[PDB]
Amino acid sequence: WXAXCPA
Amino acid sequence: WXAXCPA
Amino acid sequence: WXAXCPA
Amino acid sequence: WXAXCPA
Amino acid sequence: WXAXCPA
Amino acid sequence: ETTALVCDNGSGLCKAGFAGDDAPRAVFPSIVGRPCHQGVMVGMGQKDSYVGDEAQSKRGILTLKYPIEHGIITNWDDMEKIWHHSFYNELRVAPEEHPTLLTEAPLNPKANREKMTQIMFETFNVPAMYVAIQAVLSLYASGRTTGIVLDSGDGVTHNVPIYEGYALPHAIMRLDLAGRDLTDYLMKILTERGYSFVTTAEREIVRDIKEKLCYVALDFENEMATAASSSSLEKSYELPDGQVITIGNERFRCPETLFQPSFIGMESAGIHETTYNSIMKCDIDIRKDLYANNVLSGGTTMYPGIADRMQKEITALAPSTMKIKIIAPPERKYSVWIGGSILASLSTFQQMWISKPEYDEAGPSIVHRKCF
Amino acid sequence: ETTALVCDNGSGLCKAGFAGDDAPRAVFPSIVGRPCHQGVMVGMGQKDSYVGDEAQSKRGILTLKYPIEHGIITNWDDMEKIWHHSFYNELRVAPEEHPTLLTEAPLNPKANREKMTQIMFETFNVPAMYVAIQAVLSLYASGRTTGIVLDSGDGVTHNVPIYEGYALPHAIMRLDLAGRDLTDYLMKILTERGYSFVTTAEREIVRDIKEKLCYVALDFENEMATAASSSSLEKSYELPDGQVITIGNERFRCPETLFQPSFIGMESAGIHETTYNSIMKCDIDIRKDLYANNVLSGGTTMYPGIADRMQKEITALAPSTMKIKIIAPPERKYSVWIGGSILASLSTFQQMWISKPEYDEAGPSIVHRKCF
Amino acid sequence: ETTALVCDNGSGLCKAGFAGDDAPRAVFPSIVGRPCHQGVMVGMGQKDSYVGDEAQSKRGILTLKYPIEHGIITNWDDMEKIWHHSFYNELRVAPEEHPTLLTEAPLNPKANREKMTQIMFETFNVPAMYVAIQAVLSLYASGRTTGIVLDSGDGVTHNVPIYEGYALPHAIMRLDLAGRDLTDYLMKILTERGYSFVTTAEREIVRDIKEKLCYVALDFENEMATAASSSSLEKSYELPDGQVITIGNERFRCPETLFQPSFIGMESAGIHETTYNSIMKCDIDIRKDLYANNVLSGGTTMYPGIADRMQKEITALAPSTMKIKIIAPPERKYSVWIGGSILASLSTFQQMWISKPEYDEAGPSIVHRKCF
Amino acid sequence: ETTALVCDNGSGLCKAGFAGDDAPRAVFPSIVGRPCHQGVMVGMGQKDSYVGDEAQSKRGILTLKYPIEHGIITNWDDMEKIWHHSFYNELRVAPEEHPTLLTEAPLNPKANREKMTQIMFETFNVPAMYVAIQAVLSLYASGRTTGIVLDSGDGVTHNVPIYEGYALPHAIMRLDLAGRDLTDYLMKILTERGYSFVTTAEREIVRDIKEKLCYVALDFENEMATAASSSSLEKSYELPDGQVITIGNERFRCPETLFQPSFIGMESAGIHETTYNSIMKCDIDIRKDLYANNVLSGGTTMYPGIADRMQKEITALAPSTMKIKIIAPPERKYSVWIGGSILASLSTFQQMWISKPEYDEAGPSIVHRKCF
Amino acid sequence: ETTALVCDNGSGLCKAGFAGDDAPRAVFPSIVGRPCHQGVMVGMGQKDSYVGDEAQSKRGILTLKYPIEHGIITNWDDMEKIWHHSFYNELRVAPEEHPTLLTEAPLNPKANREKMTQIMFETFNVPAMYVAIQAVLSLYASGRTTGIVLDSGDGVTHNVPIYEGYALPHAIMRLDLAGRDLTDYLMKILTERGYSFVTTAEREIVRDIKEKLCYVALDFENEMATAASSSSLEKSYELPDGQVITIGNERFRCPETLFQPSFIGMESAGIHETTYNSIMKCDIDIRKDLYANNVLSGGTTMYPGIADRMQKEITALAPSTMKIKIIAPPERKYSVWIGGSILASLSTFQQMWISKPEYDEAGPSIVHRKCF
Ligand SMILES: Nc1ncnc2c1ncn2[C@@H]1O[C@H](COP(=O)(O)OP(=O)(O)O)[C@@H](O)[C@H]1O
Ligand SMILES: Nc1ncnc2c1ncn2[C@@H]1O[C@H](COP(=O)(O)OP(=O)(O)O)[C@@H](O)[C@H]1O
Ligand SMILES: Nc1ncnc2c1ncn2[C@@H]1O[C@H](COP(=O)(O)OP(=O)(O)O)[C@@H](O)[C@H]1O
Ligand SMILES: Nc1ncnc2c1ncn2[C@@H]1O[C@H](COP(=O)(O)OP(=O)(O)O)[C@@H](O)[C@H]1O
Ligand SMILES: Nc1ncnc2c1ncn2[C@@H]1O[C@H](COP(=O)(O)OP(=O)(O)O)[C@@H](O)[C@H]1O
Ligand SMILES: [Mg+2]
Ligand SMILES: [Mg+2]
Ligand SMILES: [Mg+2]
Ligand SMILES: [Mg+2]
Ligand SMILES: [Mg+2]
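Protein chains in written order, with the deposited numbering: chain I, 1 to 7; chain J, 1 to 7; chain H, 1 to 7; chain G, 1 to 7; chain F, 1 to 7; chain E, 4 to 375; chain D, 4 to 375; chain C, 4 to 375; chain B, 4 to 375; chain A, 4 to 375.
Be careful, since some hints might not be right.
[What the hints assert, rightly or not] Straight line, CA to CA, 16 Å or less: simulated EDC-like cross-link-like pairs of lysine to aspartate or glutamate:
{"id": "1", "chain 1": "E", "residue 1": "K61", "chain 2": "C", "residue 2": "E167"}
{"id": "2", "chain 1": "A", "residue 1": "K284", "chain 2": "B", "residue 2": "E167"}
{"id": "3", "chain 1": "B", "residue 1": "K326", "chain 2": "D", "residue 2": "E241"}
{"id": "4", "chain 1": "C", "residue 1": "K61", "chain 2": "A", "residue 2": "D292"}
{"id": "5", "chain 1": "B", "residue 1": "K291", "chain 2": "D", "residue 2": "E270"}
These aren't lab readings, by the way, just hints derived from the structure by calculation.
Make a model of the complete structure from these sequences and hints.
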């Protein structure tokens with residue numbers, strides 16, 4: 001994603 | 001609640 | 001190990 | 001070689 | 001010996 | 004002679020203290036945390052349930068559960084744990100020497116009040132107990148005797164009008180839209196910018212973001228156009244592990260659900276229309292007295308744009324010859340507890356306690372006859 | 004008059020073809036392989052990037068990267084390489100003469116869709132383009148107009164309910180648990196028997212093992228007891244270099260993460276509870292119509308025990324007077340592309356393409372207004 | 004009442020002693036040496052297997068074998084010889100009167116632990132036994148209850164995070180790169196200067212060279228340019244037969260494989276990236292507490308440049324507002340044994356021993372239920 | 004436009020010729036002979052050093068020295084004499100008009116390559132030069148692009164695997180056991196039958212005996228029992244002075260050192276185990292392609308039993324479901340030179356010559372950057 | 004219970020005696036003398052063969068033949084005569100009641116040992132026999148268990164290293180340069196001063212001169228300059244018929260062939276270089292233990308300058324940080340027999356005799372399996 005994933 | 005919520 | 005090491 | 005052969 | 005001595 | 008206890012058990016916060024005081028002594032989140040892993044280190048004391056602030060300080064290894072949802076207690080063992088932590092660990096008193104005053108949202112199931120009475124009389128057995136309505140306590144803390152109270156907390160947003168000390172039960176409105184729904188909607192709309200929050204600790208982080216950064220727009224379309232035009236409304240928040248996120252229009256798109264419930268797929272009207280419909284259902288001769296005495300209470304009404312927006316919407320709805328006043332005290336986050344302390348310290352209130360022999364004679368059904 | 008192109012860009016497989024066809028013409032793994040060594044032999048043609056099946060046939064000397072993870076494009080140059088290989092080397096068409104239909108997961112970041120629109124309008128410049136939701140395409144390919152679609156692929160498992168052609172956006176659920184997590188968990192639990200897999204080619208081997216040999220248990224505890232009792236569930240697999248491995252309970256412990264996410268340390272609920280919560284968040288009068296129209300799609304739902312297990316779990320959760328039906332067509336691995344071909348061939352769809360002058364007038368933000 | 008025994012059986016060193024002590028009593032290399040020639044002189048006692056230091060003092064006429072490779076026991080007769088030499092010749096105790104604590108690497112085969120239990124209960128039959136994880140023992144010896152442990156020895160480099168006594172099993176990472184791979188890489192790169200080492204005794208000589216002379220560079224390219232510029236980093240070592248060799252950049256090119264595994268053709272990432280990925284796989288609210296409690300243990304982490312390099316690399320990877328601390332105690336070569344002595348002397352540990360009747364009732368499978 | 008020169012300088016034979024040819028023009032033994040007596044006859048031309056075949060034709064009054072041992076040049080004046088005899092007396096060309104291609108064993112000292120470059124650019128100053136790996140040239144002459152090459156000459160036996168033109172540098176193995184060790188072992192074991200060879204000319208005689216009469220047994224114990232049973236394997240050889248010797252089991256006990264190095268007191272494994280360990284150190288997905296493409300090169304692999312024995316040993320080591328193929332071309336004694344002629348005639352090779360201005364700018368260290 | 008016999012049959016001297024003694028009882032020259040003239044006097048007993056000292060006392064009318072040359076028995080009837088004289092006339096025992104221990108040089112023909120076993124079991128039929136290596140017996144008599152033995156007698160100079168009771172068979176060196184070659188070289192160089200010796204009795208006279216007057220120079224060139232400068236090194240010897248000869252530099256030119264074999268036209272290196280090459284062919288970790296345990300044995304090593312010269316030459320060859328010690332006991336002329344007496348009296352040696360039923364079952368080939 002960008003804040004709580006990765007990705 | 002118990003008939004249309006939950007709770 | 002037994003399939004991808006040795007050991 | 002020079003340390004563990006000769007050569 | 002028999003091939004490069006004698007003896 | 005004994006000091007009574009006032010305990011406001013909201014859906015997200017528990018506020019307990021002594022009667023006659025100005026502020027509640029113990030304010031803690033009403034959560035129960037349980038470990039979802041296995042403790043490999045032995046020697047130190049590890050418990051099975053963490054209650055309150057200890058659940059918040061260790062929330063990275065715990066699953067958090069709320070015992071109360073929409074003002075209705077769903078888990079009774081967890082609610083008993085919350086009450087035990089409030090009585091013994093926070094207030095540090097024996098419950099059998101003090102009468103206890105409790106609050107409840109209107110239009111609630113009767114079994115909630117009956118089981119509350121049964122638990123207070125059989126597990127934490129009190130000399131006396133009482134259940135009050137939270138909006139009546141907000142009007143008690145306001146110091147006036149007339150007005151319509153809009154109380155919005157973590158589970159329930161309810162409107163109660165009272166004229167000259169007389170309540171109007173047919174005009175009482177309840178809407179199940181409050182701060183937890185706003186937290187869920189913010190969690191849903193934070194994925195547009197690329198931020199993902201799915202766990203309960205991440206829900207607490209999103210709740211902290213909503214408390215710190217959100218505000219109510221005076222005009223929604225103009226503020227949306229201003230946010231789309233320039234990046235002057237963007238704000239930055241620092242995550243607990245160090246990342247910095249930035250939000251734009253989501254500062255005002257989140258509390259707009261209070262005025263437009265269709266953002267979360269709800270058929271109901273906004274809080275301003277609910278207040279206007281509650282005023283319209285009363286008698287005509289009192290209606291003007293309800294127009295100038297709108298009282299706000301609860302933590303949901305603490306957004307720094309909500310009083311002007313509510314005043315503008317009600318002035319649009321009402322006829323132009325009436326005066327519209329919104330009373331928003333700065334201490335309205337704890338006003339229910341303040342009114343509970345005012346009510347429990349009154350000399351005329353000592354004769355309407357529900358005593359232990361009355362509970363023994365009548366069972367857990369006396370609370371429907373001695374209360375609202 | 005020109006034939007449109009349908010390109011489903013999943014997290015693990017790219018499926019591209021022409022509209023109006025029954026099956027996609029080009030199905031290839033969406034990986035980019037790069038050499039990690041030095042080419043000492045000169046004369047023949049060695050490239051710097053291997054795309055698709057050529058990456059799979061030479062994976063012993065390449066590092067493989069997935070440009071899409073959890074339905075989100077992380078590397079855009081690799082994604083451009085994937086799209087170039089799909090257009091020119093597989094479909095063998097010029098992209099400037101055909102409108103292109105693309106798919107996307109729900110609750111995705113907006114920048115993903117905006118950059119897809121910008122890339123297809125500026126690098127592979129199309130006359131028209133559109134972005135659709137994959138579960139709506141699965142319901143299009145199912146032939147019905149109502150039902151709740153559970154689509155599980157390589158990165159995203161999402162539930163979308165649709166009643167009479169109307170979607171319910173507040174009941175759409177997204178869970179980031181799919182087949183790549185199952186492959187990683189299978190790699191983690193294969194070390195118990197003495198098999199080690201750490202590289203990306205070994206990840207592809209473990210994915211092949213999971214596709215060939217895994218199945219969903221109807222009852223987990225009974226199957227675990229049966230596997231612990233006798234070696235009747237053990238199966239043998241031949242490695243590419245000649246070794247033969249044997250697996251037992253890991254055939255059904257690997258897709259059990261779909262129903263128990265806590266195996267990989269995730270706080271979320273299973274797919275059956277996610278489906279039940281998506282049903283119960285809708286209106287009551289449509290809920291029965293969502294109980295008999297559960298539609299499965301995606302490659303993750305191709306385990307040969309998953310329909311009976313989902314039926315049993317939902318029947319346990321739902322009231323007993325309702326009928327539960329799980330629709331599992333045999334072609335559900337490609338059903339998103341089939342629905343994309345059905346949608347792009349419709350005469351009523353030709354007026355909602357996003358044309359090139361609209362992109363020139365509005366920039367790369369028109370896709371938020373002309374799509375979902 | 005009887006004193007327990009702590010025996011850390013590493014891949015290159017065996018450390019055995021009594022519980023409650025500060026340092027292990029017997030530290031000896033875990034090798035078995037066998038003669039490759041014929042003994043022409045009769046009269047004196049020549050044996051068939053030399054175990055431990057006697058294998059090192061006579062290594063010029065012996066072939067040396069390690070029974071443990073990458074934390075996995077490959078030869079069980081040699082491991083039984085190692086355990087017999089540890090119990091009878093070094094500690095000089097009867098094993099049937101003392102419970103024994105053993106250590107094991109995470110993500111290991113189950114058959115290793117099962118055969119360890121079977122050999123400990125049937126050949127050196129103990130009243131009780133237990134198998135522990137080495138990083139948990141390193142955190143036990145550190146004196147704290149939270150932190151992420153990077154343990155690197157002779158076969159295994161593993162990261163284990165623990166928060167408030169709770170382990171995170173999904174974030175445990177294991178990399179098969181340790182000091183024996185560094186010794187092999189030093190043997191490979193020592194041929195550039197004209198030194199040839201091919202035998203097992205020469206491997207021990209190269210291991211001694213690596214222990215005495217190698218160090219971790221803070222910046223690899225600057226140190227390579229400095230070594231290419233002037234001969235200020237060159238050091239001299241004296242061989243056992245009298246020759247003197249000189250090494251330059253190979254002092255820091257050998258432990259650079261820990262941070263760049265592609266030097267030995269491995270696709271994995273470095274130890275700093277493994278630590279960062281193990282931190283980022285945990286929950287967010289604990290991540291800061293893992294940033295300031297990085298604990299180093301094992302003999303591989305004893306290079307005199309590794310703490311500053313690890314601090315710099317993790318500070319580059321982490322966000323800038325977090326504090327990074329690397330805990331490197333001077334006794335970290337034996338910290339696993341020290342934590343085992345702390346754990347075995349606890350009063351709360353006496354109820355989780357695996358006793359002999361439990362092994363008699365359950366067979367060699369109780370260790371999967373009473374341990375990690 | 005100028006024809007390049009290919010010069011393979013092995014440990015026992017020097018093979019020089021022109022690029023683009025099929026066979027090397029000059030094949031001569033790389034020895035330097037010096038007189039050990041005093042010339043009492045005056046008038047004719049007696050020299051101080053005899054190089055090549057003139058050393059072999061007059062070896063009865065000369066001491067012969069090999070300038071190269073185990074692929075390492077030990078005497079540089081003698082190597083300069085070898086190169087001068089190769090360029091001027093055999094090829095009969097001026098070295099300043101032709102680029103020269105040279106070969107080298109893997110895992111060699113860097114100073115050997117650096118002094119080779121310095122001598123080629125300062126004494127026999129070439130327009131361009133290059134150093135190649137001999138196994139890569141053997142795979143070039145084989146015509147294929149994948150496979151594992153076992154090259155065994157007079158000093159070095161090395162295994163190099165190459166997959167699709169990419170080398171595997173971490174799987175390259177070098178063993179210092181080749182035909183000179185076999186000649187020394189034959190010299191040692193010929194004393195059992197009563198034949199004594201101690202001088203260098205007698206070493207050449209024993210080398211001729213080994214080339215003419217030795218063979219690799221398929222089964223060593225069965226052939227030893229057959230030789231002990233009847234005198235059917237005995238063969239006769241005529242000495243240069245007229246004596247006739249007879250050998251029995253020594254025909255197959257001499258090349259058995261290639262499979263059992265412990266005959267000469269070496270701790271290393273055989274060539275079949277070295278090839279198997281070189282295959283298993285590669286990636287898994289390429290291992291099958293290395294099983295069917297075993298390429299033999301060098302004069303040591305010219306025994307008339309070695310292909311079947313290597314096939315049998317690798318088939319015993321490998322899993323039974325794999326196909327084992329040993330490629331043994333009849334021209335494999337000169338295959339390194341043939342691959343050097345193929346490589347030097349390529350149009351894509353003309354841009355990777357090390358030119359004279361590059362040597363002038365960079366010194367004798369450019370060969371580490373423009374070669375292997 | 005019966006006393007064993009130890010018989011060292013050297014190339015020039017036969018030393019026989021009983022096991023358990025300190026010195027050999029019978030030491031006699033191993034020569035056979037035959038008359039070359041006609042006996043014109045009748046009445047007294049004239050024989051056809053004179054054996055031993057009787058050959059030396061009457062050597063003026065006899066031709067003397069050595070049955071052993073370079074440790075190889077050439078004449079078997081003369082060897083049988085030597086053994087018969089040793090058993091019956093010198094030791095005066097019956098050979099059928101005593102086991103016999105024999106010595107042999109390393110790297111000898113197998114037929115010599117086989118015919119020795121056949122003659123000892125069929126002509127002088129013993130209950131048991133054994134064949135041992137002379138350098139191992141010298142190390143037995145030295146009292147130590149490690150070291151490298153240089154044994155030089157009348158035909159063979161051999162180096163054997165032994166570490167901790169284990170022999171190193173690949174480092175055993177044999178050189179065919181000993182005291183008979185020195186006697187022949189002295190016979191050659193005595194013609195410069197005008198002395199002619201051509202017969203076998205004159206060869207015995209020259210051997211006596213070499214035993215009495217020769218010595219090893221510490222520095223050869225300085226002693227040559229000293230001998231050329233002044234006549235201080237000249238010594239006088241009295242011939243048996245009354246003449247007095249004088250020798251100068253030939254006192255040290257004769258044993259210089261041991262260090263410079265090119266004096267007699269041999270391509271081999273000196274004894275110091277042979278010892279150094281035997282040391283460097285062993286493993287590295289034992290080499291220091293071979294540097295301080297150089298053991299000298301045999302009559303050739305009895306020159307009164309050889310220990311300091313060997314120490315100086317080995318110290319020049321070895322690295323300077325190693326300690327060089329030459330062990331030269333005063334009884335080293337008979338040390339092989341002393342070690343044979345030590346070995347034959349051991350209690351652990353009685354189980355490795357080659358008995359008569361083993362010879363009857365296995366023929367004359369058991370000695371290759373029960374010995375070195
Ligand atoms: N400053 C603030 N701004 C916006 N929302 C707030 C603020 N403070 C509290 N809240 C919200 O109000 C709720 C708590 O209000 P309160 O009435 O005390 O809850 P309860 O229903 O437990 O009594 C929380 O859900 C919180 O999200
Ligand atoms: N027969 C099968 N059994 C189990 N899993 C499968 C099977 N076939 C494919 N899969 C899994 O489904 C995934 C691909 O499904 P798909 O929906 O086509 O992926 P994408 O997300 O690329 O569209 C792969 O990760 C694969 O592991
Ligand atoms: N001072 C040092 N510097 C670098 N490496 C060392 C040092 N001391 C020991 N080592 C390495 O550490 C390893 C032993 O560490 P340890 O953790 O005791 O091994 P084990 O895995 O047997 O427990 C050895 O392989 C050795 O090469
Ligand atoms: N017919 C043969 N059979 C066995 N060995 C041979 C034969 N011909 C040559 N050899 C051996 O091969 C070696 C030469 O091989 P080659 O690879 O040309 O040597 P170089 O290392 O000089 O390139 C020699 O040492 C020789 O003993
Ligand atoms: N004092 C001496 N000085 C020099 N050489 C001697 C001396 N004594 C004996 N020798 C030589 O040593 C040889 C005998 O040594 P020994 O080892 O006993 O012979 P064998 O080979 O018969 O065992 C004789 O050839 C003799 O020339
Ligand atoms: Mg409240
Ligand atoms: Mg998909
Ligand atoms: Mg360890
Ligand atoms: Mg060659
Ligand atoms: Mg002797």
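Here's how the hints hold up against the structure:
Taken as a hint, the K61 (chain E) and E167 (chain C) pair is honoured in the structure, with Cα atoms around 8 Å apart against an allowance of 16 Å. A hinted pair counts as satisfied when its Cα atoms are at most 16 Å apart, and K284 (chain A) with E167 (chain B) does not qualify at roughly 42 Å. For a cut-off of 16 Å, the pair hint linking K326 (chain B) to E241 (chain D) stands: about 15 Å separates their Cα positions. Distance check on the hinted pair: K61 (chain C) and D292 (chain A) sit about 11 Å apart at the alpha-carbon level, within 16 Å; holds.
About 43 Å separates the Cα atoms of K291 (chain B) and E270 (chain D), which puts this hinted pair outside 16 Å; it is violated.
Going down the numbered hints, you'll see the structure goes against 2 and 5, while the others check out.
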